[PDB]
Amino acid sequence: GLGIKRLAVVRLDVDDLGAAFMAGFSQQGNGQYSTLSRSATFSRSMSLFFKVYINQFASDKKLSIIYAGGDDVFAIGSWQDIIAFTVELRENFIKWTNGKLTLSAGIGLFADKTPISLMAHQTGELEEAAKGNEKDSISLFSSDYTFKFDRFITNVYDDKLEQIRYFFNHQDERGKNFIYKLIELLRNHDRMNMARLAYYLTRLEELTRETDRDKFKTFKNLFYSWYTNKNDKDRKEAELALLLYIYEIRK
Amino acid sequence: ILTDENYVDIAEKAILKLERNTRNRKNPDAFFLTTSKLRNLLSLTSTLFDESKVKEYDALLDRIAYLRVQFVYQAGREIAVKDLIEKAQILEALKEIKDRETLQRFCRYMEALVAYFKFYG
Amino acid sequence: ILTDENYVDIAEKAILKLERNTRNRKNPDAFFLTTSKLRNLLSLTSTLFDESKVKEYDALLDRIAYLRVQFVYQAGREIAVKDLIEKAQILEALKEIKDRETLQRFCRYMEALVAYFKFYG
Amino acid sequence: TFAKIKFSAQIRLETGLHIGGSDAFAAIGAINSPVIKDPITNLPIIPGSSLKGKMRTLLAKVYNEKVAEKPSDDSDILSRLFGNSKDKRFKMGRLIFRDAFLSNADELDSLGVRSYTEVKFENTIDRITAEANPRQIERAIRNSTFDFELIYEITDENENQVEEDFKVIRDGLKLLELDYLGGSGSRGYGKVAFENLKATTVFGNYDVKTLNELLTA
Amino acid sequence: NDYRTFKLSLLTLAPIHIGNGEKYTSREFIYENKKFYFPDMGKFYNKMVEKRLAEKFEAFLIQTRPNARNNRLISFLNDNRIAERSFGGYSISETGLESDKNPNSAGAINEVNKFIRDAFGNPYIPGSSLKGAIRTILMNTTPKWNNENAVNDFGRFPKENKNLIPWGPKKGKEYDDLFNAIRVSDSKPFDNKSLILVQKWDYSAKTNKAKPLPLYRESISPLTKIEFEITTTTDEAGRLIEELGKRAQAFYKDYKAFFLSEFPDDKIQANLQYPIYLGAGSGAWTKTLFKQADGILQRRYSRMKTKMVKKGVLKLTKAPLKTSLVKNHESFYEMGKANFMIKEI
RNA sequence: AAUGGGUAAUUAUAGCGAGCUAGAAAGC
RNA sequence: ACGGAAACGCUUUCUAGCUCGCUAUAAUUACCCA
Numbered sequence: 001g002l003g004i005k006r007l008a009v010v011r012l013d014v015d016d017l018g019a020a021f022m023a024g025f026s027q028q029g030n031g032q033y034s035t036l037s038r039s040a041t042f043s044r045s046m047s048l049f050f051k052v053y054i055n056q057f058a059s060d061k062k063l064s065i066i067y068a069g070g071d072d073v074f075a076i077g078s079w080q081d082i083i084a085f086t087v088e089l090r091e092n093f094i095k096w097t098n099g100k101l102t103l104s105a106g107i108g109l110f111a112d113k114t115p116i117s118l119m120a121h122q123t124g125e126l127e128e129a130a131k132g133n134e135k136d137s138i139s140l141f142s143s144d145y146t147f148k149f150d151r152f153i154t155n156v157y158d159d160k161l162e163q164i165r166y167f168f169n170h171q172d173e174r175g176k177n178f179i180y181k182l183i184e185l186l187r188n189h190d191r192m193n194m195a196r197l198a199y200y201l202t203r204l205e206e207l208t209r210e211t212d213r214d215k216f217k218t219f220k221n222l223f224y225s226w227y228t229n230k231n232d233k234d235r236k237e238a239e240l241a242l243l244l245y246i247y248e249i250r251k
Numbered sequence: 001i002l003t004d005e006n007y008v009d010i011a012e013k014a015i016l017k018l019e020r021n022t023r024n025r026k027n028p029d030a031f032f033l034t035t036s037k038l039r040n041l042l043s044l045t046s047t048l049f050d051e052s053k054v055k056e057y058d059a060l061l062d063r064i065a066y067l068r069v070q071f072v073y074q075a076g077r078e079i080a081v082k083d084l085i086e087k088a089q090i091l092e093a094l095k096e097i098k099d100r101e102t103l104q105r106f107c108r109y110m111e112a113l114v115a116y117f118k119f120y121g
Numbered sequence: 001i002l003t004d005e006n007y008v009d010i011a012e013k014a015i016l017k018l019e020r021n022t023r024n025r026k027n028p029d030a031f032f033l034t035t036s037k038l039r040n041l042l043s044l045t046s047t048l049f050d051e052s053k054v055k056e057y058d059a060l061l062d063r064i065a066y067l068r069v070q071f072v073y074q075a076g077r078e079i080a081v082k083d084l085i086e087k088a089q090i091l092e093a094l095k096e097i098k099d100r101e102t103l104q105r106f107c108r109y110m111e112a113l114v115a116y117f118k119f120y121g
Numbered sequence: 001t002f003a004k005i006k007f008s009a010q011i012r013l014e015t016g017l018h019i020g021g022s023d024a025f026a027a028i029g030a031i032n033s034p035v036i037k038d039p040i041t042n043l044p045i046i047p048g049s050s051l052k053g054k055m056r057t058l059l060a061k062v063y064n065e066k067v068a069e070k071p072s073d074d075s076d077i078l079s080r081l082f083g084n085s086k087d088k089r090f091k092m093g094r095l096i097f098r099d100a101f102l103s104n105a106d107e108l109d110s111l112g113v114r115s116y117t118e119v120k121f122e123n124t125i126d127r128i129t130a131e132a133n134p135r136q137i138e139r140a141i142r143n144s145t146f147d148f149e150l151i152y153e154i155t156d157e158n159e160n161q162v163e164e165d166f167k168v169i170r171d172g173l174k175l176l177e178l179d180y181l182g183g184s185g186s187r188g189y190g191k192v193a194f195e196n197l198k199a200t201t202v203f204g205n206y207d208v209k210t211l212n213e214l215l216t217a
Numbered sequence: 001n002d003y004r005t006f007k008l009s010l011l012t013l014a015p016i017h018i019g020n021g022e023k024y025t026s027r028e029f030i031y032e033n034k035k036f037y038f039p040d041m042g043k044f045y046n047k048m049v050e051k052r053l054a055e056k057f058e059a060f061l062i063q064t065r066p067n068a069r070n071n072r073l074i075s076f077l078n079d080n081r082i083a084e085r086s087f088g089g090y091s092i093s094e095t096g097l098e099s100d101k102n103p104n105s106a107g108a109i110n111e112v113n114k115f116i117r118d119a120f121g122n123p124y125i126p127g128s129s130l131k132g133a134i135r136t137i138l139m140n141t142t143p144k145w146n147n148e149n150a151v152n153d154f155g156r157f158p159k160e161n162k163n164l165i166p167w168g169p170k171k172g173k174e175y176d177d178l179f180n181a182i183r184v185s186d187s188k189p190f191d192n193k194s195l196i197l198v199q200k201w202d203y204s205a206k207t208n209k210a211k212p213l214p215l216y217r218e219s220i221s222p223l224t225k226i227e228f229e230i231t232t233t234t235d236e237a238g239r240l241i242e243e244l245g246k247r248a249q250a251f252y253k254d255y256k257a258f259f260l261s262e263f264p265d266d267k268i269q270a271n272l273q274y275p276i277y278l279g280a281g282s283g284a285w286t287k288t289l290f291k292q293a294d295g296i297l298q299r300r301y302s303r304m305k306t307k308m309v310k311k312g313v314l315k316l317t318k319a320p321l322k323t324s325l326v327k328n329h330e331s332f333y334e335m336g337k338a339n340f341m342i343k344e345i
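Chains as they are written, first to last, in the working numbering: chain A, 1 to 251; chain B, 1 to 121; chain C, 1 to 121; chain D, 1 to 217; chain E, 1 to 345.
Calculated directly from the structure, the hints in this document are not laboratory data.
Check before you lean on any hint, since a few could be wrong.
Said to hold, decoys possible - Calculated pairs, EDC-like style, for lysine to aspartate or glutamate (alpha carbon to alpha carbon, straight line, at most 16 Å): (1) B/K98 x C/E92; (2) C/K118 x B/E78; (3) D/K70 x A/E248.
What the hints assert, rightly or not - If we take Cβ atoms under 10 Å as the criterion, some of the chain D residues that face chain E in the derived model are: (4) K91; (5) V113; (6) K191.
Where a beta carbon is used, it is the ideal one built from N, C-alpha and C, also for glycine.
My request is simple: use the sequences and hints to build the entire structure.
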């Protein structure tokens with residue numbers, strides 16, 4: 001019963017497949033590789049990935065690839081499997097495409113029995129906001145959560161989410177109210193809220209029991225690191241990590 | 001002085017600049033000033049800061065100078081709070097209360113003072 | 001006279017204005033006023049300060065009218081309290097008791113006097 | 001059906017109770033620890049929250065078989081009277097403890113009382129060097145009364161447990177005169193009595209006459 | 001039920017003053033009968049302004065006048081015939097031995113510290129008084145609490161450790177808080193006319209003299225009984241209140257050999273019950289740790305009023321006689337030597 | 001040697017400053 | 001003779017449930033000043 005009754009919709013887009021098709025290899029060399037055979041082989045490779053291989057990445061995961069191919073993937077499904085499917089799709093696409101042609105996905109949460117052309121429009125809006133971020137970005141649950149994928153899976157979905165999950169699994173004082181207040185302090189965030197968070201973590205530091213106390217001490221040392229990191233590249237990441245954890249433990 | 005954006009760092013290195021338990025190194029780098037000699041001051045600023053959002057500025061100006069009474073008084077009892085008001089320019093910022101907004105800003109500065117005072121040990 | 005924004009400063013520049021011990025030159029410029037002889041002044045006012053909140057001023061004016069004579073009497077017993085009441089015009093402020101808010105303002109002014117005396121020496 | 005009954009008592013003080021007041025703009029040489037107060041009339045009143053939290057530990061000293069370590073671990077004879085925070089059907093508590101107001105303003109003006117509080121100097125003599133450290137903790141006067149209201153529930157889920165919890169509630173009423181209602185405790189500050197018990201059903205059909213046997217006896 | 005109550009009853013062998021801070025000053029009372037009178041001075045002034053001579057009342061209060069029989073407001077109330085005595089207040093009787101070698105001065109006293117009174121006007125003794133008296137006895141008569149109630153290397157002979165006794169939440173432990181299990185309740189308000197205003201009387205060491213002091217605190221009339229409810233809930237403080245019957249005589253015995261010896265036992269009282277020292281004037285040794293504050297208590301007094309050499313000067317009083325409890329002539333009592341007996345009810 | 005007078009000190013100290021539960025569901 | 005006419009982002013829902021302003025604390029100390 002842990003997890004929220006959602007359905008997430010990802011619409012990928014290959015970042016400038018028109019420019020990667022028309023110019024593409026012609027950047028390299030003196031026009032030595034500006035041939036037709038390489039372009040046909042590359043487009044058949046895109047066909048073989050986006051038109052066959054998505055049924056391999058979606059095999060165990062529970063979703064529905066509605067449309068795929070060319071430079072678009074519209075895949076509806078359940079949100080843990082959708083996020084893990086985007087994770088595996090890019091983390092084997094950059095193994096497939098050597099890190100070149102970064103894909104710009106957009107994943108929106110939608111409630112139960114909400115219509116789909118209402119939903120495809122918002123997914124496309126998050127998709128184009130992820131497009132215009134830079135060359136590539138993920139847009140997660142709203143256009144203000146816009147990270148690079150190289151920042152999203154490594155920092156949030158590999159480092160931060162596992163620390164956050166293990167920290168709240170192996171303790172039972174700090175339940176969900178503490179996570180909600182951490183999300184709110186991550187979201188408002190003026191200069192004074194860093195002082196309020198430095199008060200909050202330190203006031204909870206001497207309130208946990210003595211046995212599992214230094215877990216909280218290293219976690220507040222590791223949390224005030226990214227909260228006051230003065231970059232805003234390590235802050236909305238942590239807010240999204242806590243949102244993913246809360247949505248994973250929803251009763 | 002205190003503006004809308006600069007006061008938190010002011011309170012930060014007005015907590016840092018305060019001198020600590022140098023003699024008797026039993027958990028050293030700990031303040032001579034006690035936290036109950038700071039919360040008894042901030043319980044004035046909190047009952048201003050939340051009764052400022054209900055009222056005018058020009059209805060509050062009786063308690064506003066009483067803040068300058070009590071800060072002078074509690075600075076006069078212990079040498080630690082006199083040291084505090086020398087490091088943290090409290091009485092020099094109580095002249096800078098001209099409206100509801102700068103009063104709430106000064107109360108946020110007092111909250112930053114107590115927050116960073118609790119932060120270091 | 002004193003109002004809501006000046007009564008600290010009324011008790012500020014009066015305290016630097018009182019004389020000190022020109023003779024007895026060990027820790028010099030110490031006050032002729034001693035702390036007990038100012039707590040004897042404040043302890044009259046501070047009971048009426050809290051009686052004012054429960055009661056009403058028109059059911060209270062007799063005790064402030066007698067408190068006039070009390071400040072005269074404590075002024076009549078020393079060379080410092082006879083000096084204090086006019087170098088800091090407490091007897092001038094005692095003629096204007098017009099409502100309970102001005103009464104509490106005068107009591108906070110006395111508290112400011114005690115605070116700024118405790119701030120020095 | 002659904003009934004709702006009322007337990008009215010008079011908290012008559014003996015050497016009354018300091019429940020920490022609100023305003024920090026206190027004093028220099030006056031009250032620096034006031035009593036809680038009804039701010040429209042500045043009367044010292046007894047809130048129901050101190051009553052509930054005192055009766056929680058006072059009845060957990062009796063009816064707990066297990067050690068507590070926390071709230072939301074009471075022995076379920078109290079957890080339907082004071083509520084759990086965790087038990088699935090016992091989030092509510094069916095006991096409403098209304099704030100007791102100081103009633104006898106009329107008779108205590110016949111007694112020569114200036115104002116309905118007092119200032120009790122209670123210094124801290126230093127055990128070496130004999131120096132003093134005064135406090136003026138304000139308490140309600142010695143013989144005031146308070147209208148301790150109380151409201152109990154009756155549903156179609158209380159067959160016989162209406163009378164099961166009454167001698168648990170009356171255990172609180174005659175153990176509140178064993179403890180001190182909040183305050184400082186070991187300097188008096190809480191010895192009280194509960195005059196004029198008049199228990200009736202303010203809502204719903206329930207009997208008042210066979211109900212009136214175990215309350216005062 | 002683990003609440004083990006007691007009952008302490010306190011006879012008053014001595015003058016016993018406690019508390020309340022405030023006072024009636026020099027020009028603030030009436031002595032025209034043999035009874036002292038304290039009206040409400042605000043009520044007195046507001047009724048006297050109808051007599052319209054209040055401007056002379058401004059000059060009467062600052063009047064530096066010798067032959068102080070005309071100083072203490074009897075002259076204001078007989079020289080200008082205002083002798084109504086309707087001012088709200090409480091009358092008390094006189095001592096009789098109030099002043100020494102001052103004929104017709106039964107009224108030229110100056111400062112009367114009030115006894116503690118509630119809002120009713122009836123004086124009582126609060127349980128904080130008896131608990132502060134109990135804590136010095138139960139501190140000195142237990143050897144584990146007498147070693148390091150000292151400097152803590154924090155200042156200049158500052159204070160007690162305040163940590164030899166368990167105190168507070170102590171987050172991570174059980175509920176310790178040993179003195180919470182001694183719930184010293186406040187006494188019942190007794191009669192108003194059991195007050196005497198005894199003078200402080202210093203009896204000097206190395207100088208056989210009985211130099212008195214101009215501070216006449218309103219104490220309790222001798223040989224009056226006082227009730228005290230005392231409950232216990234923890235076994236250690238319960239055993240301390242059980243062992244009070246040994247610890248009181250033990251503290252008084254070791255305090256006699258430390259202090260009360262070399263001083264003549266004619267003025268020193270007899271016990272006749274369980275002895276104890278209550279507040280306001282019984283000497284700092286009855287309010288502190290006697291074998292711990294040898295040079296630590298007296299170090300502060302480097303002023304115009306220094307304790308002679310080491311240890312405090314003996315303090316006595318003057319109050320009339322009943323039953324004897326004085327054991328000499330001229331009525332030198334001991335200012336705080338009370339008696340108690342205890343029984344679990 | 002009398003008599004006139006109180007004088008000086010501390011004015012609250014040390015803490016706790018919020019803890020978990022729910023964080024939108026169910027239909028149109 | 002307007003991709004236009006007709007079209008309420010709407011119906012239901014207690015910011016709630018649990019929580020002592022509490023813990024230690026004699027208004028006291030000292031003996032004087034012309």
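Hint by hint, here is what the structure shows:
Only pairs whose Cα atoms come within 16 Å are accepted, and B/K98 paired with C/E92 is rejected, the gap being roughly 28 Å. About 10 Å separates the Cα atoms of C/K118 and B/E78, which keeps this hinted pair within 16 Å; it holds. For the suggested pair D/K70 and A/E248, the alpha carbons sit about 28 Å apart, so the restraint of at most 16 Å is broken. Nearest Cβ of chain E to the Cβ of D/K91: about 28 Å, over the 10 Å cut. The hint is violated.
For D/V113, the interface hint holds, since its Cβ comes within 10 Å of a Cβ in chain E; the closest pair sits about 4 Å apart. Among the interface hints, the one on D/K191 holds; its C-beta lies about 6 Å from the nearest C-beta in chain E, closer than the 10 Å criterion.
Violated hints, in rising order: 1, 3, 4; the structure is consistent with all others.
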